[PDB]
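> Each chain is listed here by its residues.
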Amino acid sequence: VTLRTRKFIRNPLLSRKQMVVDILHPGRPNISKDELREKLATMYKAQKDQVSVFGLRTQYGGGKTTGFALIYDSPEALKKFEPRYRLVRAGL
Amino acid sequence: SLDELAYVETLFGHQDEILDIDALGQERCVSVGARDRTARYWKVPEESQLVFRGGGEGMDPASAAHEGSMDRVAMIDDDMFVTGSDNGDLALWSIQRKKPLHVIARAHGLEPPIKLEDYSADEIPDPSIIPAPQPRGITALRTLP
Amino acid sequence: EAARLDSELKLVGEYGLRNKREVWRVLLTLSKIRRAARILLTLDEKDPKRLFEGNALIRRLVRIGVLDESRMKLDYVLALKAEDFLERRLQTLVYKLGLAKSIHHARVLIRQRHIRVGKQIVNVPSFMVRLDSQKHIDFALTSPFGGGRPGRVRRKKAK
Amino acid sequence: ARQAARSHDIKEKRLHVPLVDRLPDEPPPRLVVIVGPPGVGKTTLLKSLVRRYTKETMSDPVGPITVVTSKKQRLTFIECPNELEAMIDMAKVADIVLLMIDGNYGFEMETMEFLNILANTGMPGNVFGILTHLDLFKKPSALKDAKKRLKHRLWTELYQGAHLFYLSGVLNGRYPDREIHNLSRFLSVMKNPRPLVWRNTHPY
Amino acid sequence: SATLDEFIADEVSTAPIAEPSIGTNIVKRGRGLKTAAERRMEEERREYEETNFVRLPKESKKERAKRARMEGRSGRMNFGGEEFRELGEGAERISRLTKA
Amino acid sequence: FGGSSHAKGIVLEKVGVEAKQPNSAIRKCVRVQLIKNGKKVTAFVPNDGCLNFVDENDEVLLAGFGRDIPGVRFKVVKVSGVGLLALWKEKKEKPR
Amino acid sequence: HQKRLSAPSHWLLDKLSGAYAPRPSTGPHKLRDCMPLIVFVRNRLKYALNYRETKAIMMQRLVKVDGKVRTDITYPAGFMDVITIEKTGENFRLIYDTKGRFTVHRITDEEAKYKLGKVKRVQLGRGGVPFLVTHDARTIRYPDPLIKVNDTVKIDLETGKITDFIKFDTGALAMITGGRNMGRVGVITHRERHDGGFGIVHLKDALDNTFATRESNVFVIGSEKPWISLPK
Amino acid sequence: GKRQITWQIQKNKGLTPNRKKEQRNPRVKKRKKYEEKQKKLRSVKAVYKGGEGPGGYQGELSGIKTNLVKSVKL
RNA sequence: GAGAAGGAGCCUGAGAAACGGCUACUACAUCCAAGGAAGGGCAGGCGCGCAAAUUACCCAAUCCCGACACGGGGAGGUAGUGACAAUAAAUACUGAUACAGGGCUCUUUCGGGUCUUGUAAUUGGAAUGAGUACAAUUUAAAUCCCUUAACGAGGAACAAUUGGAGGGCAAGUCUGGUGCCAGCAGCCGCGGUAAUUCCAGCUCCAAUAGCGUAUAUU
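Protein chains in written order, with the entry's author numbering: chain Co, 336 to 427; chain CG, 316 to 372, 386 to 473; chain Cg, 18 to 176; chain CI, 40 to 243; chain CY, 228 to 327; chain Cn, 43 to 109, 116 to 144; chain Cb, 8 to 239; chain UC, 575 to 648.
Misleading hints may appear alongside valid ones.
Said to hold, decoys possible - EDC-like cross-link-like pairs, simulated, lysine to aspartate or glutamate; straight-line CA separation at most 16 Å: (1) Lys127/Cb / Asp104/Cb; (2) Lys587/UC / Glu141/Cn; (3) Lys136/Cg / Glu362/CG; (4) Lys66/Cg / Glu274/CY; (5) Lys383/Co / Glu370/Co; (6) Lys118/Cg / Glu319/CY; (7) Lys606/UC / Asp23/Cg; (8) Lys142/Cn / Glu149/CI; (9) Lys603/UC / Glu31/Cg; (10) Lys155/Cb / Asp171/Cb; (11) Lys604/UC / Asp61/Cg; (12) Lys614/UC / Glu626/UC; (13) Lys613/UC / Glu31/Cg; (14) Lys152/Cg / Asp351/CG; (15) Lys342/Co / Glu274/CY; (16) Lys232/Cb / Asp176/Cb.
Derived from the structure by calculation, the hints contain no laboratory data.
All chains should be built: construct the whole structure from the sequences, respecting the hints.
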């Protein structure tokens, strides 16, 4: 259930904020990235509609999962800067 | 992690039961086990170890004892530390070298030799036979960061 | 070659392996090693190639703890054999470290993944061990010996 | 050397018995048996085949349906009903036999029965198998495993390295067109009937 | 020169080498124990993966065939934790460097 | 023989089914015709109730003999496209 | 459609960028004397991630190369071109290392406003007008008359006018932009004419290593006068 | 309302000769043959088998023949 | 390097003597209402009547072209088959009780050797992957992997084979011969198929996820 965000970059010119996001569910089942976007709306004080996470490789032996969360300054910035398949995976 | 009160990770590599561990404000460890005479500097979030083996090397020569076990550790700064072995050995070490920087034997001297009165139940107490004293060695260590 | 027959059988029986395939395979490993030993004797003493390559190979062998920390010379490098390679074979460590009553029970345990070395559980009983790791072998948390769930038979008997 | 050995092995397999041919210069329409279990859509295969060959949807195709597919030759497609008796009829007739197999169900007894009777009375020219109703599978691993095992069993029953095509769904209520197309591709590339003494001595 | 590199790495260099932990470098349920060089290669793969934090396709068929070909043609065997070269021209390089 | 390992043949006309004793080699001989030349040679079948499988004018494949009519050379492995030991372990029946 | 292995080695690229490398568009700089802008931003400076990412960032007017916005993705940025990005507000110059590979200097507008461009050729154009062609293929109408070949010129880059010049001088620190000893910072100490073609100079470093380099591939930077701040 | 096939025709063994557990696992068969051979060895030569009994010595618990020499004559 | 049915001539463009086109000649060859009219590629399957690797999917990444942020890309990468090899490895673990008394081995054999072994006995324990699988993830989308909740071994089953040696037989069959013999072997017997439950699943040996046989032969 616990999280860390190493290697965070502002990306001001792409208007996006990039953290190497490590999420750890010890003994819990897998993650539900949409719930992760909900949680990271709160974790970095945003809304769920301008955040998008991909990557999401759970390590060997369960628990830790490495993902890549992208926080845009606007959901429209996400719309203009986001990949098509990533948008429809988010549900837009 | 006490913040969520959970287990996060373990580390193995110790041939002995680990006797002592010291730490600092960074994400590292140092951990000594006894009969291997070995300190281990744990690089925690990358999960590596740095092995450090002691090999202990006007008095009777027999009383001088090598590094029997490896009892206490004190991490002083990010790069040096010290070990205390129960044969009275006090050894400053560097991360940068494989070798101890500086060890001193009989850090608390030798033990008092026992009486002939309790060593032998003889009406004649003879010092011709008597064991050599063992080195009064380290039970505990501390340092301030 | 009835001697070949009985010798291979005694190898398996003393260490309860499965077939002469696996036994011949470990013998092939030994053959490559003793080939190395022969070559490094063919170069004469105090030669630099000999010094560094032989020091290397001896460090390799003592790193996997097969050749003893006592004896550290090319003579004993020649003198090693299959019983020693089987000694550092893994399942033997479960039996000689007192978790499984029998070598076969150890084989079954390794199948259903109850022991680990360091972190990860192991399934292959021919995972060679290292001298530096061999004492760090215990049950995993998910196995009822180590804990976790009590098991399916305890589950059904409670049912 | 090894060239000579391999080549004489090749001619060795190139040998058979010397039987006489008796096929007229305008040979009759060679026959395709359609055969499967009950509830298999024997009917559906007939429908989709005749549409691919004739552009004409038959809402209820029965009987011997005869179709040209090359300037040399032509076929009569005919299914068996669900009786062993008509199965033995079309068995003693046949020259090429499509056998259709049910997927998630496994094998049907009449399927193996007919396989046996065709085996005894004679292996004709060509036999192919179509594994069908494949969209009754949630699990890709399950589907691929079933394909593997039924391939192996059908191989040792039929002969080594057989021909077993796959038919995924039922699209318009008709079939998948690409699958039935390359099916027609492999079956229209034709070979002479194989000389069974019955079909080279008598009239039928 | 690799044997020489290992000797100067451990024996004469008064600087201890970082060892990875025991259970981490087990590859697939025990079917692999990671050696130092390709373990470093794994580290290089992961550090590139976190540089641009992109995902990769796991090694494609051509590089797979290539490295398996090098293995099948290669005089090096990964017995346990260690690698084992054969004893031809690398050792002759040792001989040449020592004459130098 | 010849230049290849196996050879093909028709079986011509069985002798030795008039053979009196059950399992004598003069039951188990059979007369094959070598196709590559047209020869008439003499081959074995490894059991009586499988000689029963070899019927006249059914494709028959012969091969060597390695080990009471001493020195017959040939025995028969695949019958009509299926192996003899197969038929006689009753794996797959005979296609003619 | 060339390979990543056929890509030249002075602009760097790892083993994971796919087998192909983009070819640079034609322009002021030469083909093998180019690092494309995408290779700059996302492969060397990693500011974007994808082809379409870099594409979009350049479709919007956010970057200006040498004071002018550039939109084509593979524009030639060969040597000591200044690149401003106003969002971070940082400018970059493109030099070599001692190893002969591309290096990028972060810089502000104070040093970024000018360019030390190497003169290629002076001529007398139509209307008899003297003009100047520099290494950046920039022409200048009516230069100062003293500047002949093998001199460099400090250029305004906003009006683009002459701001200074350094004469070709055996006694001036120079930079190597070609050949087998490419990218070696040292002082011109001698020059041999070799009239008949391919004359050279003798150039020692700061630490007593003399070597013979061709006046074609030489490039002066200043007598001492580090007019562009080399990284320490 | 269909008709299944059986294990037989799914695995056309037919007229194979029948075998045992001991054969069917080639792990087990070299366990027992190793056991019985080691038992077979316990006929000819002499194995060590621990010390004298923990309760004590109890005679040569299976007889002594006098007139039997088991010495290799060198 | 040479070519886009064959020679000859011509046409655009920055770049072609594109093989892109036109024209003639030649040569096929299509439809036709007979007057006309268009047109010439690779891939595949057979190639004896008998045979063995997808007719998968996407431009997601990298790269390329255009009025051009979007469009298109036969590069590229994703997936499927596999005893041709090669790799790791299941098809079981372990008591307790009862009972039986031989089990086995051999130079040297009408003779010796060594001591706990077996039982198709009764029962107790645990252990579980293969299959099955909710999901979540992965991905262009899928799949695989990692995780992972839940089902999930008592033999007659979640059914290991190929190969050779040998033992035992009938109210059965046949070939010899100075009665009982001796051979060959023998799925056949009197009856009997919903009948029979027997060497009750015989013994040995080798390799066992494989292994034989012919031929050439070294």
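> Could you grab the alpha-carbon distance between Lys127/Cb and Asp104/Cb and see if it respects the 16 Å cut-off?
Judged against 16 Å, a Cα distance of about 23 Å means the pair is violated.
> Given the hinted pair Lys142/Cn and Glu149/CI, is their Cα-Cα distance within 16 Å?
violated, 19 Å
> Under the criterion that the straight-line Cα-Cα distance not exceed 16 Å, is the pair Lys66/Cg, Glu274/CY satisfied?
violated, 37 Å
> Between the alpha carbons of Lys152/Cg and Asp351/CG, is the straight-line distance 16 Å or under?
Judged against 16 Å, a Cα distance of about 13 Å means the pair holds.
> Straight-line Cα separation of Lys155/Cb and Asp171/Cb no greater than 16 Å?
Roughly 13 Å between the alpha carbons, so the hint for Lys155/Cb and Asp171/Cb holds.
> Please verify whether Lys614/UC and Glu626/UC have alpha carbons no more than 16 Å apart.
Not OK: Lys614/UC and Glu626/UC at ~23 Å, beyond 16 Å, violated.
> For a C-alpha distance cap of 16 Å, please report whether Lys232/Cb and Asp176/Cb respect it.
Cα-Cα ~13 Å, so holds.
> Given the hinted pair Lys136/Cg and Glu362/CG, is their alpha-carbon gap at most 16 Å?
holds, 12 Å
> Keeping to a limit of 16 Å between CA atoms, is the pair of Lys118/Cg and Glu319/CY held or broken?
violated, 51 Å
> What's the verdict on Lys383/Co and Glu370/Co, does the C-alpha distance respect the 16 Å limit or exceed it?
holds, 9 Å
> Need the status of pair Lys613/UC, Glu31/Cg: alpha-carbon distance at most 16 Å?
Roughly 14 Å separates the two Cα atoms, so the pair holds.
> Is the hinted pair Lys587/UC and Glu141/Cn satisfied, with a Cα-Cα distance of at most 16 Å?
Within the cut-off at roughly 13 Å; holds.
The structure is inconsistent with the numbered hints 1, 4, 6, 8, 11 and 12, although it conforms to all the rest.
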